[PDB]
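Quick setup: one chain, the form deposited in one PDB entry, written in structure tokens, and binding and motion questions come after.
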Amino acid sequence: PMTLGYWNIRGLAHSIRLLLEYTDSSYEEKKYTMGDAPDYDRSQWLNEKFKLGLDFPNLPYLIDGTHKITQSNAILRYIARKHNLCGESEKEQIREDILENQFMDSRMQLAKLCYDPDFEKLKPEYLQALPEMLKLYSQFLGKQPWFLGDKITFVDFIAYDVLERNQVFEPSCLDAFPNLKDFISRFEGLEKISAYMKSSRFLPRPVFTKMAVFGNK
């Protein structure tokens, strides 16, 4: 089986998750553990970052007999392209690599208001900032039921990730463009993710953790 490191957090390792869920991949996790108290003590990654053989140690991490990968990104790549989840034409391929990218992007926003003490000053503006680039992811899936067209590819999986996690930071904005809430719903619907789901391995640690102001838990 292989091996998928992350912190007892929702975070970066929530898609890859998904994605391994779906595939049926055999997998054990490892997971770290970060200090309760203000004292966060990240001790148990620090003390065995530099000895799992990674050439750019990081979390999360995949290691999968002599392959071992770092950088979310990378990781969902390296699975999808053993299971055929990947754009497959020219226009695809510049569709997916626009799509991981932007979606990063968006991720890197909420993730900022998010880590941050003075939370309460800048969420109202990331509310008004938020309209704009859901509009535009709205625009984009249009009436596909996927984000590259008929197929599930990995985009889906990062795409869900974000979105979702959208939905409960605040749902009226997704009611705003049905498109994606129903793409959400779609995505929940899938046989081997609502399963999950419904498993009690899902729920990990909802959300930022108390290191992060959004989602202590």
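Take the two forms, superpose them, and find the largest set of C-alpha atoms that agree within 1.5 Å; that set is the rigid core. Residue numbers count along the first chain shown, from 1. What changes on going to the form deposited in another entry:
Compared between the two forms on the core, the listed residues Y40, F177, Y27, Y32 keep their C-alpha shifts below 2 Å, save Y40. Relative to the superposed rigid core, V207 undergoes a CA displacement of at least 2 Å between the two forms.
Now that we've seen the form deposited in one PDB entry, could you pull up the form deposited in another entry?
No partner chains or extra molecules come along with it, only the chain itself.
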């Protein structure tokens, strides 16, 4: 069937895997692993980096027969598109594009933090800004079940990951935001997701992200 690739960790691939599972898409996981050390032993990827035939060699990637997708957003939009899980009205499409880009920013903000040696320095800064970021998502989501109304589209999967991350990082921060917390329940509650949340196709070790300082002791 189609194949998904990324490093052996949740990361950017987490939101994609979830979608592949929600849509029951038959896929294969060919995850590369990294040798954490001062010299960053990433050979695993390098030796097959160009052997794949992708236009822009990068992880994550997906190869659907003749289709070769690169970069999360492209991949997500692809499966979603081939499953009608997109936005219809100009309004839904606008929200859709704003969200995809908005969350991506948030992912990057936290990511840099969890990657910096001076974690302790920026950490307090991030915390005293996290609530204001969330407030915006709270208001937007409102009382609608999903970010695009009654329709659960791909942006929801992206949303779940970004929110779930900040929750694991600081559970107490999203306490003041009911609709957000309950949103995470709507997602995890989805029959197909819950079943997957507890299966072999998941990370044994409780670490959600590893890149340089985090994911290693």
